[PDB]
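Please model the entire structure based on the sequences and the hints provided.
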Amino acid sequence: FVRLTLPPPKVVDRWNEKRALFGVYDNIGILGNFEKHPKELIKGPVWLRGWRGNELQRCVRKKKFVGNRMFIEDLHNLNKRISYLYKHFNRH
Amino acid sequence: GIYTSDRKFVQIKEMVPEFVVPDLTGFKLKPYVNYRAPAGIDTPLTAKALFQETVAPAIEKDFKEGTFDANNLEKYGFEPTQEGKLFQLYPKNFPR
Amino acid sequence: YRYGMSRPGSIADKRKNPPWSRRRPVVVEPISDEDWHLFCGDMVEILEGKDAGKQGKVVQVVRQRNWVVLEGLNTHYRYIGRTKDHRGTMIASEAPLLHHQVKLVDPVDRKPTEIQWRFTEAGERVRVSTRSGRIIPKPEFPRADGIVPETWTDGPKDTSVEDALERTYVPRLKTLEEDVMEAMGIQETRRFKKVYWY
Amino acid sequence: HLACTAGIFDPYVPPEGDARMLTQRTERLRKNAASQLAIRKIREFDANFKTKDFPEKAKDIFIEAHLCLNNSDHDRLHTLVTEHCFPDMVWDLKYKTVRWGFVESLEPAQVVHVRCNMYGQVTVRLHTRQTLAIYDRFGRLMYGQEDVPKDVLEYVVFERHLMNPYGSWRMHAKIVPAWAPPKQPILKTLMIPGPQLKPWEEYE
Amino acid sequence: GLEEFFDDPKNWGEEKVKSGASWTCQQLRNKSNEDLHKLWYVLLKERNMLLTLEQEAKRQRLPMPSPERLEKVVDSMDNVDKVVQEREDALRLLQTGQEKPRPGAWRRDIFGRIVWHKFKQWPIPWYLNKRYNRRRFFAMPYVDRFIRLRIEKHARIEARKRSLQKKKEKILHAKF
Amino acid sequence: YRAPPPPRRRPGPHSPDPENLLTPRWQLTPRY
Amino acid sequence: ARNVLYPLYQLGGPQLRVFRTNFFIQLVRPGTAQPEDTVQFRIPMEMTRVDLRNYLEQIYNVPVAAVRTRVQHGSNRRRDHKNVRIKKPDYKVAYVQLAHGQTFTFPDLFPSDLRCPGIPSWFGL
RNA sequence: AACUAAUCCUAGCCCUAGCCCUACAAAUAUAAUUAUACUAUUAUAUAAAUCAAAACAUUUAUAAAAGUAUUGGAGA
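Residue numbers (the entry's author numbering), protein chains in the order written: chain i, 33 to 124; chain 9, 40 to 135; chain V, 19 to 216; chain d, 77 to 97, 105 to 199, 207 to 294; chain Y, 65 to 240; chain q, 25 to 56; chain U, 2 to 112, 133 to 146.
In short, the hints are calculated from the structure, not lab data.
Hints may contain errors.
Claimed, not checked - Each computed DSS-like pair below joins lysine-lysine, with the alpha-carbon atoms no more than 25 Å apart:
#1 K103 (chain 9) with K87 (chain 9)
#2 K212 (chain V) with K184 (chain Y)
#3 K217 (chain Y) with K232 (chain Y)
#4 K124 (chain 9) with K192 (chain V)
#5 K184 (chain Y) with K124 (chain 9)
#6 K83 (chain U) with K32 (chain V)
#7 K211 (chain V) with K194 (chain Y)
#8 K71 (chain i) with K95 (chain i)
#9 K142 (chain d) with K273 (chain d)
#10 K67 (chain 9) with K164 (chain Y)
#11 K239 (chain Y) with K121 (chain V)
#12 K103 (chain 9) with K52 (chain 9)
#13 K34 (chain V) with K232 (chain Y)
#14 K95 (chain i) with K119 (chain i)
#15 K32 (chain V) with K72 (chain V)
#16 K146 (chain Y) with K122 (chain Y)
#17 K122 (chain Y) with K109 (chain Y)
#18 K288 (chain d) with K264 (chain d)
#19 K192 (chain V) with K146 (chain Y)
#20 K278 (chain d) with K140 (chain d)
#21 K71 (chain i) with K50 (chain i)
#22 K184 (chain Y) with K50 (chain i)
#23 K124 (chain 9) with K212 (chain V)
#24 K192 (chain V) with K131 (chain 9)
#25 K211 (chain V) with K192 (chain V)
#26 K94 (chain i) with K71 (chain i)
#27 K124 (chain d) with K179 (chain d)
#28 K217 (chain Y) with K231 (chain Y)
#29 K87 (chain 9) with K109 (chain Y)
#30 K112 (chain i) with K146 (chain Y)
#31 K67 (chain 9) with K146 (chain Y)
#32 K109 (chain Y) with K93 (chain U)
#33 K34 (chain V) with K83 (chain U)
#34 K50 (chain i) with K68 (chain i)
#35 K288 (chain d) with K177 (chain d)
#36 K88 (chain U) with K122 (chain Y)
#37 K177 (chain d) with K102 (chain V)
#38 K32 (chain V) with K122 (chain Y)
What follows is the structure in structure tokens.
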């Protein structure tokens, strides 16, 4: 069934600092004499900063990067998940 | 008490508590206090306060006079051992 | 648990907050103890409400809901004693006012002047107006129980004033148990045998 | 918080034949010994309270309060009358529609008697012709006539909280003189049930 | 006396019994050691009478007049105990330096946790007490896995706590 | 709004602290 | 004294003295029919009958002839809104017979107009 | 316009980022939670298999050079 009440009114500012300053320095490499590569500006998980791969590759790279810092429970779960993923992609 | 052989109970007088009841005749303190009486700000007693109130004056006078030595530490109130007292501070061997 | 005008734990409070209630909690902006400036007996001006612009004296403060109650202001009319036999009697009941809905009043000039907390020479915290800086003294509020300490008369089992004020403690190198022994002359020559604590 | 007190401090006794009746005003001049000290107390907080001019202010509240009944302006009527007065006026009017109008006052309103932490009650004498017609939930007429003026003389008591800075004059109660005629009867006919008895008992 | 177990006959039938404020800790400290012991019984006697009256009220399904009296007595009794304890504690520290009246030490349980073990007095020494030796104060090798779980659980608790705060924060933004 | 200062790489020699455990071994080798 | 540690006794050891008593007792009207001298008391479960004898004789100076005590099991059938059993605290009932021929009796504590309905009486119109 | 029902938003969660960690009394391993003696007091071998090789047997993962070479029922 459907709502019988109106949702709260929402107004979004498209000129906020985050949106206004979005994309600045995206040309750092070409405009910065190539001292800093644009890949250096990527913020995210360490094992996938400036790198891309399939789900299996991402998990494997994650294991290598933080394997020494991973929990035993997480490490055991990752190994079990990897085994299932390995069989599916490499045999089916 | 203690249960001896033959499954016979033997009450021990020493282990049976004796209720020490204070004498309330002439005692002016009662269960309640006046609302007229101002409330008392809590100042818990501490070892430093107890030492300062009682022990410090004795040592202060003695130290100036020069009659201070290790052997007379008990004179100012030190107890080398708690044995011999009915109530032993540590280990606690007495009930409330 | 939603705080209401009814005192917590009261029969009315139980109806307001039954054990099985899981209603959406009401969010009230936290106010620090230093930040809070409204106290019972404080003359304040209602910024908004039914009696907005009418200055009143605080009589109850539910800090959990940031509610200030002014006697004889923001007062609605309700029926007390409603029963089968009788319809009920109309009475004037005050409604809660949020903290932002009132402001403190400068004594000399009656206005809703913003205030800042600052200490005095005595050290007691006093609210000081941001503009036309002045000390708003803490108001005097009657005791809720209605018992005036001076007027109180000792009843049975109540110590007299002098008895309570008497000090009999004498610092000495003896515990209370030892002190009681000296007064009552308890002497014990028996000694416990060695016990290995462990 | 109570802004009104039920009852009247001292009940003024209306004299028979006052409707026929300067004159009565002088009787107040004679009786200000009993009331002037009270009038001074109202004057102390106000200083503009005069028995001569109060009825005009009092009359407006009385007429205005009656108008609110037709529109059911409970909030407006709340301010006009005291907490005690309000429930009586509207409680029995629930789920009913009333058309009330005020015909020209037969005689001018005059203050009659006043009394007074401090609550001041002022008795006002009002004779006015009015029209009343009340209908059922279905709209059927149950009481009064749509356009028939009824001449009624009553004494109306207003009250104010002298101590409160915001205290104002609000209608508190009405004194009904015994010599006033009875109110019009209801259109419908009622039935009085007989005595109730147990099976063992017999009629008595 | 039997009469002491019950309220004043004059007070019987009264809505309440007039009583003053409870003893404060500082006033009790001012009182002497002997006075404190005397006062404790006085408070206890009143407490028993109030308790005696209250239980009869429960049987009669009636309210207790002036229930605050019992609270005042209990508050006074609680203040008395700590004041006496303070004096005893201070002297014990002075003469012996022990912060606890009962001997104790930190010991490791079979689960690998470190807990304060309160020593017990025995007529025999520990080495001659097989049952005391039978008690286990050593952690098994498998507890290492549990120790890692405990650290992970502590981190998990913090992570869950942040999620709980986040849900509360959502309404704060929505409400304000 | 005014844009933040552009990010800049730190220039000049940087000497890792040998005692620190975290510092990688290869950064402490003579080849480094 | 309850919820406290009592000193262990050895041969030749001191007599046990309780300077401060934590035991609290309540006099209760007998639920059953008992002799007048007999008195019912609710006492902590850790108190012994001998303790009551000394307690009454010393603190209250009451002479006691005989004592009979029972332990009342607290019903755990009661459950909360969550269906969790609630256990009533167990209490001990002591039947104490007075000595010297004394007798006890429980004190007597806690000794519009009908013709015109629907028109508010306020209206004078 | 009626019944049975339906209606709702926070109860909370998920992943990265960041960050290692060093968070009452009384009773208790005896029969755990029994205030004092008994009776001495004590975990763990490659991880395997399943699974893949369409069965099954050696065998079967758990920065660039580079999926190059070798190895392998030269097959997964």
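Do the hints match the structure? See the list:
no. : hint                               : result
1   : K103 (chain 9) with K87 (chain 9)  : 21 Å, holds
2   : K212 (chain V) with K184 (chain Y) : 13 Å, holds
3   : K217 (chain Y) with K232 (chain Y) : 23 Å, holds
4   : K124 (chain 9) with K192 (chain V) : 11 Å, holds
5   : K184 (chain Y) with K124 (chain 9) : 21 Å, holds
6   : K83 (chain U) with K32 (chain V)   : 18 Å, holds
7   : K211 (chain V) with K194 (chain Y) : 21 Å, holds
8   : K71 (chain i) with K95 (chain i)   : 22 Å, holds
9   : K142 (chain d) with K273 (chain d) : 21 Å, holds
10  : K67 (chain 9) with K164 (chain Y)  : 34 Å, violated
11  : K239 (chain Y) with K121 (chain V) : 23 Å, holds
12  : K103 (chain 9) with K52 (chain 9)  : 53 Å, violated
13  : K34 (chain V) with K232 (chain Y)  : 22 Å, holds
14  : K95 (chain i) with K119 (chain i)  : 18 Å, holds
15  : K32 (chain V) with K72 (chain V)   : 34 Å, violated
16  : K146 (chain Y) with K122 (chain Y) : 31 Å, violated
17  : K122 (chain Y) with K109 (chain Y) : 20 Å, holds
18  : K288 (chain d) with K264 (chain d) : 44 Å, violated
19  : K192 (chain V) with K146 (chain Y) : 17 Å, holds
20  : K278 (chain d) with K140 (chain d) : 38 Å, violated
21  : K71 (chain i) with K50 (chain i)   : 20 Å, holds
22  : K184 (chain Y) with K50 (chain i)  : 67 Å, violated
23  : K124 (chain 9) with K212 (chain V) : 14 Å, holds
24  : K192 (chain V) with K131 (chain 9) : 15 Å, holds
25  : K211 (chain V) with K192 (chain V) : 24 Å, holds
26  : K94 (chain i) with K71 (chain i)   : 18 Å, holds
27  : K124 (chain d) with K179 (chain d) : 42 Å, violated
28  : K217 (chain Y) with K231 (chain Y) : 21 Å, holds
29  : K87 (chain 9) with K109 (chain Y)  : 35 Å, violated
30  : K112 (chain i) with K146 (chain Y) : 60 Å, violated
31  : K67 (chain 9) with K146 (chain Y)  : 21 Å, holds
32  : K109 (chain Y) with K93 (chain U)  : 20 Å, holds
33  : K34 (chain V) with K83 (chain U)   : 20 Å, holds
34  : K50 (chain i) with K68 (chain i)   : 22 Å, holds
35  : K288 (chain d) with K177 (chain d) : 36 Å, violated
36  : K88 (chain U) with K122 (chain Y)  : 18 Å, holds
37  : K177 (chain d) with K102 (chain V) : 17 Å, holds
38  : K32 (chain V) with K122 (chain Y)  : 23 Å, holds
Hint compliance for this structure: hints 10, 12, 15, 16, 18, 20, 22, 27, 29, 30 and 35 are broken, all remaining hints hold.
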